[PDB]
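Chemist: Given next are the chains, with one letter for each unit.
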Amino acid sequence: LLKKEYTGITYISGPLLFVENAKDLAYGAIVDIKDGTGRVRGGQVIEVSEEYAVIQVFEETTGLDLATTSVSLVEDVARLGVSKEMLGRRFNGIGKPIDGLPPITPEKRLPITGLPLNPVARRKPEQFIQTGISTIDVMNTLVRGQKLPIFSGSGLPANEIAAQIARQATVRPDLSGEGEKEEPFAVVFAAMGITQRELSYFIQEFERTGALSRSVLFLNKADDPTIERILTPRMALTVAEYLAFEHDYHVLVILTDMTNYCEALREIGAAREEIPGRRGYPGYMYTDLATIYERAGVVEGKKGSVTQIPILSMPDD
Amino acid sequence: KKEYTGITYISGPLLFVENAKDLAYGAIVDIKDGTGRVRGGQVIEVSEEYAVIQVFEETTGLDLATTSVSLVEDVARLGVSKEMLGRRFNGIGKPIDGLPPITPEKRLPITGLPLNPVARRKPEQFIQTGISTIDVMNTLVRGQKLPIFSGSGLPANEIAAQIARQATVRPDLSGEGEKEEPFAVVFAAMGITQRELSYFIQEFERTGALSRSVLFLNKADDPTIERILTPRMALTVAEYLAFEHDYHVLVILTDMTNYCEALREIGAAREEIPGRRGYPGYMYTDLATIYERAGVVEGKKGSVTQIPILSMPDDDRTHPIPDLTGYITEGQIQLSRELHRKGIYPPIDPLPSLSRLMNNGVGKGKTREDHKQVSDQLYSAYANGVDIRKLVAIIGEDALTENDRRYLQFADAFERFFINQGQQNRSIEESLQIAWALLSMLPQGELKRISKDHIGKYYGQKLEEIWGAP
Amino acid sequence: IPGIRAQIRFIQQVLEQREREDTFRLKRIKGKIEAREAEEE
Amino acid sequence: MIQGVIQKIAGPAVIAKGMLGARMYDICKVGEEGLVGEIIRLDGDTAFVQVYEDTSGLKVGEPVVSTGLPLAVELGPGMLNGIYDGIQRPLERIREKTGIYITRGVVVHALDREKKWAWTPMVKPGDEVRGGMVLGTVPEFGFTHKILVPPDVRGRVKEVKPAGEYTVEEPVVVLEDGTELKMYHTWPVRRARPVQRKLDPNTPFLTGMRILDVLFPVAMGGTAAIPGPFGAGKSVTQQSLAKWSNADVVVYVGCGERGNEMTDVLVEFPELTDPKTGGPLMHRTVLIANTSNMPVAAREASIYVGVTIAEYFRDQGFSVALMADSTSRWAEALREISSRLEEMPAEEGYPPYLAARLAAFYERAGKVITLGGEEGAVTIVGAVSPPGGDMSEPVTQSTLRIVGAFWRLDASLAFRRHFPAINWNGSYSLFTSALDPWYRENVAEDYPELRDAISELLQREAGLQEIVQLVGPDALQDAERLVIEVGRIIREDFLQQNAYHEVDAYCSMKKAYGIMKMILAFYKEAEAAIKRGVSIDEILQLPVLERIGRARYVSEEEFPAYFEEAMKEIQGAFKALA
Amino acid sequence: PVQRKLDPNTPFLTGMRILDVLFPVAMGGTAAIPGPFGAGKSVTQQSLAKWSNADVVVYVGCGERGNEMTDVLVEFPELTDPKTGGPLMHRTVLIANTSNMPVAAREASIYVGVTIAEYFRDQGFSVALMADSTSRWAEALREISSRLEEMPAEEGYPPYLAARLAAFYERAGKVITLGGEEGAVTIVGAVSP
Amino acid sequence: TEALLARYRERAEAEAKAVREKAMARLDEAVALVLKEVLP
Amino acid sequence: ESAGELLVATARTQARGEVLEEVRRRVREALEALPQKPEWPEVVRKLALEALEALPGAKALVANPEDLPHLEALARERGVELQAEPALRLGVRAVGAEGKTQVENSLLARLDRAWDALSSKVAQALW
Ligand SMILES: Nc1ncnc2c1ncn2[C@@H]1O[C@H](COP(=O)(O)OP(=O)(O)OP(=O)(O)O)[C@@H](O)[C@H]1O
Ligand SMILES: Nc1ncnc2c1ncn2[C@@H]1O[C@H](COP(=O)(O)OP(=O)(O)OP(=O)(O)O)[C@@H](O)[C@H]1O
Ligand SMILES: [Mg+2]
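From first to last, the protein sequence lines are chains E, D, G, B, C, I and J. In this text, residue positions in the first sequence follow the authors' numbering: the first is 3, and each later residue adds one. In this text, residue positions in the second sequence follow the authors' numbering: the first is 5, and each later residue adds one. In this text, residue positions in the third sequence follow the authors' numbering: the first is 169, and each later residue adds one. In this text, residue positions in the fourth sequence follow the authors' numbering: the first is 1, and each later residue adds one. In this text, residue positions in the fifth sequence follow the authors' numbering: the first is 194, and each later residue adds one. In this text, residue positions in the sixth sequence follow the authors' numbering: the first is 81, and each later residue adds one. In this text, residue positions in the seventh sequence follow the authors' numbering: the first is 61, and each later residue adds one.
Accuracy of the hints is not assured; some may be wrong.
[To be verified] Below are the DSS-like pairs computed for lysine-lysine, each with C-alpha atoms no more than 27 Å apart in a straight line: (1) B:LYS17 <-> D:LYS25; (2) E:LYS86 <-> I:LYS97; (3) E:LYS98 <-> B:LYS198; (4) E:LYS6 <-> J:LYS119; (5) E:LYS110 <-> I:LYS102; (6) B:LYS124 <-> G:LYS200; (7) J:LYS119 <-> E:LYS305; (8) B:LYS8 <-> D:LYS25; (9) D:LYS346 <-> D:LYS394; (10) J:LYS181 <-> E:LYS110; (11) E:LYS5 <-> I:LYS116; (12) J:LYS160 <-> E:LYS149; (13) D:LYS98 <-> D:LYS183; (14) B:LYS243 <-> D:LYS126; (15) B:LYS17 <-> J:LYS160; (16) E:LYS110 <-> J:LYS97; (17) B:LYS59 <-> D:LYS25; (18) I:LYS102 <-> J:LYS181; (19) D:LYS223 <-> D:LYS98; (20) I:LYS116 <-> J:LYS97; (21) G:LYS198 <-> D:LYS25; (22) B:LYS8 <-> D:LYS6; (23) B:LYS59 <-> D:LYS110; (24) E:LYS110 <-> I:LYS116; (25) I:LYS116 <-> J:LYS181; (26) J:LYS106 <-> E:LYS6; (27) E:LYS36 <-> B:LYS17.
[To be verified] Using C-beta positions, here's what the derived DEER-type ranges look like: (28) G:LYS198 <-> J:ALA147: 41 to 51 Å; (29) C:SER339 <-> E:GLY179: 33 to 43 Å; (30) B:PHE230 <-> D:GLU373: 21 to 31 Å; (31) J:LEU67 <-> B:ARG488: 55 to 65 Å; (32) E:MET287 <-> B:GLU271: 51 to 61 Å.
[To be verified] Listed next, the stretches of chain J that the computed footprint assigns to chain I, with coverage defined by at least 3 CB atoms under 8 Å from CB atoms of chain I: (33) 62-68; (34) 74-87; (35) 103-116; (36) 178-185.
Just so you know, these hints were derived from the structure itself, not from any lab. Yeah, the Cβ is synthetic: ideal placement off N, Cα and C, and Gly gets one too.
Input sequences plus hints: build the corresponding full structure.
Modeler: The structure is reproduced here in structure tokens:
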């Protein structure tokens, strides 16, 4: 329960700082940076060696100095406290409540990166989801365990469609032939790079019809630190996986404006001075997006499911 | 005085000197070798261990055993005086006309201080360049920054020489005015060849325009640092004259493309990562520090006007140099290759041209009250004529209406008489008379953008008023 | 018009990518020069 | 204060040794002349400081001193009627003590330390104070300046000065902790000032222009963007916004303008008169000026200084309108700064974090409950100037993604002498639906439907332009020439507005509602008469055309009687017609 | 090792009219099928796996979706082998490495698949090797070379990419095995530009 | 009707107070448990 | 409709949060009451031992001067030095040999870092 401090800061430049004698910081760990005024900031170990360890600061580095700054280890792996009482709550995308209610009690703490599913453990998606929209339901039907994005534009009403799908989505167990009993359904809603106007619109849309009672919201504003935009879909998918594969829920995940996620990823990559891709985007963007999109699916021997509907705007159509 | 001899590295334009912490950053130094020849240099970096010096010209004879470095000046300064009028300089202030050096009244840093924005006032007076397409349609206002865009084979140097030869103020058109207000021209050439140098020298000497001019001439084979320094020295002289002796100065920068190329080379020689398309990232700031030294100051009677000239690298206005020039200057004048090949001089194309301060320097109490309307009508009529000229190639003349034929004739008359003035010098009144004579070709009532008063006062004159001696 | 505009847009992306690659190469070589001077002289 | 010496100089970059303990981004004074700069990198005992002005003439070994604080602004009485640069330097006093040039290393205070102010206490000893509370008031022209405790200060009042005359430096309140509170305080420009809660865009920002207020409205606390085409009358619209909009304080930011363009605005504003008081408009505005040849850091920090001052005045409980001119020039300065730092460009040479900075600037707007419990708002109208009108510029693409409105100013309308020259086809607004209840409660319950009908008529007129292009208008039959003529009537009598006229320069919402009602009623009766068999030329010379066309120039208080008279005349005329 | 390479003279019957008629491929040949997303690469390769006349099929899922491997694992045991009449899965070998699995393993999976194909060729069978996407293998090479801080070729790929691709594709062909029998390997590789 | 909302509010207050009292019936044992855990 | 059940749920959440924060306040009061009772020397010596075991190469031990006489016994045992500091109470800190690492063992910090896991455990106890 005790804590260890590192004070061998030797170099600060941009979003990076080097710690000298920290050989026991593991790769990928999460740390806390404390300055002379008592303010604390987060960081992650992106490279560790015998000479020094490299930490990327989660935000701006104003006020840090080599004489009074110290670094402490928070946890070896980034984790999130999850509970079934998260339904009907709102969070800021890093896991902290913003609806004015007390924090939840973690029934379990789970890593946010997750683990790949064994292809032998999967099963074929075979049941549909009724979204209430004729074109989708009839011609391009959504299936439990699918990932089906929406390709929007610069002035098209993507937000309205997202809110409508969130309100109207249902499971229709009666049509299944066996007339099975009603099954739990939930919606996990993640917004990245959202503005205040859209935030108010989404809040009122979820409050108006009572859909919020079955929903979990992760809302990230456009003026938040750029790291939080990276971690929002991962926390949303961690919550979705926990619900689906421990309580047999049929969860629907809606990720709004993944274009902002790509912009944040490009900013971070350019900060770490990596080799660029086709339009300045990092070369490993395919793998990074895959680690998010392939967390959906249906598992053999379990009744829950995870379905994703990414939403993005094609630049210049 | 004191000489430094701890040279430890020579490569290209750079040399390193040890134990030279007394050298201030940016200082000018003299480099001397075994044979006694002396070269110049500038300090581009200073450290506790060594200082880095960029050498002017070339390092052919240098060696690590006998070379020594001595200080010349901490800050690059130029000695200025009213005696500079009628003199020629090489771009670092060294006379090249063979006359004795001047005795300076003061020595000023060539890098200029910014003008306080609250000290500026609004430009409100025009300059008579003597060229119709400039005076009438793209008027140049005292204190404006109006560049000229030219091509590779176009005669921009001839236009520059003609403007420098003909430009003058017109105090007699502004109320009563004052008959005597000093006027001067500062001419700066960067990266020119011997042929252009001889042309400029002959043009300035053969007409007496040298008596009211200062020349800073930099050749193509001269060091590039001199090319960098030349416009700053020219603008320093211009500012000194205008704001200490109440002169009205006109500054002409012969080729800004050469300046940009020299800036790129200097930046690359110092190992700086280039910005867009290989040009330095701070290019916009440097161009702004050059251009923004013109203007008019409240409480002062002097003024500075700038006419940068630059050749578009591949006739592309999207190129970084013209693109960044557009953001800082008030309009542009664009030469046309088509008009040049047709035999028209000067080949100024009115349609892409624009002067953003024209509306303030024209009207009543300056030039004539019909100026703006006449210019607008000329613009519209010329556009209609050039469109009908393309249409007639397909549909034929007989299919045109009478008005279309008249517009077609108007366009040809405009090109032959208004633009193609040659070496002739025209006052503003002569240009307005020619414009009205050309407008008389069109029928009255088609002159939609001109009020009835001016139409009654001036319309109806025949082309023979200028056709007698075009 | 749309076809020529698309071709222009494609050529612009190609030239931009080449410029970015050249910038990256220059950055790497400058880093190597600085490291050599500052560590081995 | 950490003090050191210069070790290496290379252009704007200076390396100082002995600076252990210096903090990142703290402002430092370099050399004997005290040139200001920022610390951008810390390494061992050395710090990388980058100077704002030129470094020519410096020598190794000169002292370097760290102020220990980041870039900040002084907030207190004395900012109104002032003119500042991008780092809040009073240009008039610099001119007075220096001449026509800005010498390097000149030091002046943003707020005058000599002027006396009429202090009026509003607290007593023994009271408990928290950040944002009002300690007292000071008269500043027509405003009652509220002296606010800094947001991070809490404690108990020990002693308070009595009423009298004091400078901004005398401590008016002392706390039991020993802290002295003055009439001013400093705040970092890059940290947003705290509030209690952000409210929804429920109320409109009335600009006084009919087209903007009706077709493309912006809520108070919203954001808008406008292009900068030459000859389109952008400056006239901006100064009309300053004069007539219901904002209490106006902050104008010019970050990268040409010298003569800044001269125009610096000369024009001291002549405008505030219609509310009848006195100078300058008494309720703050000007930030930056030409292209000023230091890059000032040009980059200008918008942050402006928005910080706007946030302070919002925290005093006012409504503030902020106009940022040519944000493209700010983006250019940001690109240059990123290039000097050797960062990998993204897209068109801009740094990859351009969108993040633009969002951080624009998200500070909004209507809030201040820490003092009052209501205030900041509205941002930022100009964007693409290189040649290319809407695919990264700056324009990033800006349009976050703003709630976009007023596409057009040069073609100005060419045809249409003012304001705003293209109603390319423009859009996202505040109509949220603002509808305010319209239903404050102007009329029918108003949204009337506005929608006017927009539909405009769109119908736009849909026929193909036939009008291919064939002369008079060949079209009566019912379509009718919509052409009613669209012309709309354009001439409702959208157009002369800002130089004594009564037409400002138009209330109910006046626009009455004009729209008259126009729609006339159109309905005209269509009915056309179906009754009358010719269009018969309608084209009815007595009511002059009545509708002249509704613009009637006074505000006279308008209701004129409106009901014209409504009577509309029904009267169409009964005389067969 | 082999004894001798032979000139291919018999077709590789895929069961699709356009490929079998207009653009045939022989038993020892190689083919590439580039295309954008949604074009039909994976469906074509699965049709080749289901219906071709090869004795053994090796499927290499290098960097693709897991559902595509699950579909094979579920459906193939129910289908019928086109020639021997037994279950279809009894002639198939699957090497799977999905998109969210470790990146470096894609290069290993390619070589594992080709080596197993060569072994079954050495036993005298006719083998068809399906490579789901070589672009993911190229991306893995790019990432590894980026860690090594090597100077890159066009688009950040290492300069030796073409040599690796040529070495991989050269393993196909109809040969006389060391044991004196006859076998062949056919390689069809999808590309995702 | 507003009466349903009032009834729900009264039920909510009653259940919240009941939960608070039930918790007060266990507080000291929980505190002892926390001190048992946190101490070495 | 759900507009009533939501009020019940939010009231329950508010009550549970108030209960947990009251438990936290009682816990912190009980912890800060420790130095006034004779249980402190053993727990502070155990915490100092834990801190010294966390740093194999620890050089010096740092605590408030009140605890120095009790930590003298550990100082004689492990051979490390001791010095006074107005540090956080209910714990002892140590300094590594190089001077770049340091461990801290205050009890309030232990509560802060253990409450996240103890909350779910005590929630069942409360209900
Ligand atoms: N709202 C208006 N009402 C009446 N006249 C107007 C209005 N707006 C513009 N004008 C007229 O049209 C002209 C617009 O052209 P001008 O070039 O002067 O515009 P500007 O305001 O300086 O802006 P810009 O910098 O975009 O050119 C004004 O000078 C004025 O004569
Ligand atoms: N031969 C075919 N017959 C019928 N439908 C086909 C055929 N080929 C492709 N399709 C349809 O096209 C869809 C996409 O094909 P496929 O899954 O093979 O794409 P792919 O080229 O492998 O793309 P990706 O890059 O996404 O992996 C299939 O799901 C199916 O609906
Ligand atoms: Mg596929």
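Chemist: Decide, hint by hint, whether the structure agrees.
Modeler: Consistency of the hints with the structure:
Of the supplied pair hints, the one linking B:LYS17 and D:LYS25 holds, its CA atoms being roughly 15 Å apart against a limit of 27 Å. Using a Cα cut-off of 27 Å, the hinted pair E:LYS86 and I:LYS97 holds, with the two alpha carbons roughly 23 Å apart. Restraint check for E:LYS98 and B:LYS198: the C-alpha separation of about 18 Å stays at or below 27 Å, so the hint holds. At most 27 Å may separate the alpha-carbon atoms for a hinted pair to count; E:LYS6 and J:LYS119 meet this at roughly 15 Å.
Between the alpha carbons of E:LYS110 and I:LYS102 the distance comes to roughly 25 Å, so the proposed pair stays at or under 27 Å and holds. About 67 Å separates the Cα atoms of B:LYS124 and G:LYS200, which puts this hinted pair outside 27 Å; it is violated. For the hint linking J:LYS119 to E:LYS305, the alpha-carbon distance of about 58 Å lies beyond 27 Å, and the restraint is violated. With a CA separation close to 10 Å, the supplied pair B:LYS8 and D:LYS25 stays within the 27 Å bound.
The suggested pairing of D:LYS346 with D:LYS394 holds, with an alpha-carbon distance near 16 Å, which does not exceed 27 Å. Taking the CA atoms of J:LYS181 and E:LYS110, the gap is about 11 Å. The hint holds against a cut of 27 Å. At roughly 20 Å between alpha-carbon atoms, E:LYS5 and I:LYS116 fall within 27 Å of each other, so this suggested pair holds. At most 27 Å may separate the alpha-carbon atoms for a hinted pair to count; J:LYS160 and E:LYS149 exceed this at roughly 49 Å.
Restraint check for D:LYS98 and D:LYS183: not satisfied, since their Cα atoms lie roughly 35 Å apart, outside the 27 Å limit. Among the hinted pairs, B:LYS243 with D:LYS126 is consistent with the structure: their alpha-carbon atoms are about 22 Å apart, no more than 27 Å. Among the hinted pairs, B:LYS17 with J:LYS160 is consistent with the structure: their alpha-carbon atoms are about 22 Å apart, no more than 27 Å. Taking the CA atoms of E:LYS110 and J:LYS97, the gap is about 36 Å. The hint is violated against a cut of 27 Å.
With a C-alpha separation of about 7 Å, the suggested pair B:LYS59 and D:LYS25 falls inside the 27 Å cut-off, and the hint holds. Restraint check: the Cα-Cα separation between I:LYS102 and J:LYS181 comes to about 17 Å, which is no more than 27 Å; the hinted pair holds. The suggested pairing of D:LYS223 with D:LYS98 holds, with an alpha-carbon distance near 14 Å, which does not exceed 27 Å. Using a Cα cut-off of 27 Å, the hinted pair I:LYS116 and J:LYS97 holds, with the two alpha carbons roughly 16 Å apart.
The suggested pairing of G:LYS198 with D:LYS25 holds, with an alpha-carbon distance near 26 Å, which does not exceed 27 Å. For the proposed pair B:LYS8 and D:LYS6, the alpha carbon gap of about 22 Å is at most 27 Å, so the pair holds. Of the supplied pair hints, the one linking B:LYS59 and D:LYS110 holds, its CA atoms being roughly 25 Å apart against a limit of 27 Å. With a CA separation close to 22 Å, the supplied pair E:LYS110 and I:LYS116 stays within the 27 Å bound.
About 12 Å separates the Cα atoms of I:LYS116 and J:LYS181, which keeps this hinted pair within 27 Å; it holds. At roughly 17 Å between alpha-carbon atoms, J:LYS106 and E:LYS6 fall within 27 Å of each other, so this suggested pair holds. Among the hinted pairs, E:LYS36 with B:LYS17 is consistent with the structure: their alpha-carbon atoms are about 24 Å apart, no more than 27 Å. Judged by the Cβ atoms, the range 41 to 51 Å given for G:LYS198 and J:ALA147 holds: they are separated by roughly 47 Å.
The given range of 33 to 43 Å is broken by C:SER339 and E:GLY179, whose C-beta atoms sit roughly 53 Å from each other. One distance hint, 21 to 31 Å for the beta-carbon pair B:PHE230 and D:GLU373, holds here, with the actual separation near 24 Å. Hint check: J:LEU67 to B:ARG488, Cβ distance near 58 Å, so the stated range 55 to 65 Å holds. Against the hinted window of 51 to 61 Å, the Cβ-Cβ separation of E:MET287 and B:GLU271 comes to about 55 Å, which satisfies the hint.
For the region 62-68 of chain J, the stated coverage by chain I holds: 5 residues have a C-beta nearer than 8 Å to a C-beta of that chain, and at least 3 were required. Only residues whose C-beta sits within less than 8 Å of a C-beta in chain I count toward coverage, and the region 74-87 of chain J has 9 of them, enough to reach three; the restraint holds. Chain I is given as covering the region 103-116 of chain J, and this holds because 4 residues of the stretch bring a CB closer than 8 Å to a CB of that chain, at least three being needed. As drawn, the region 178-185 of chain J meets chain I at 4 residues by the rule of a beta-carbon pair under 8 Å; at three or more, the given contact holds.
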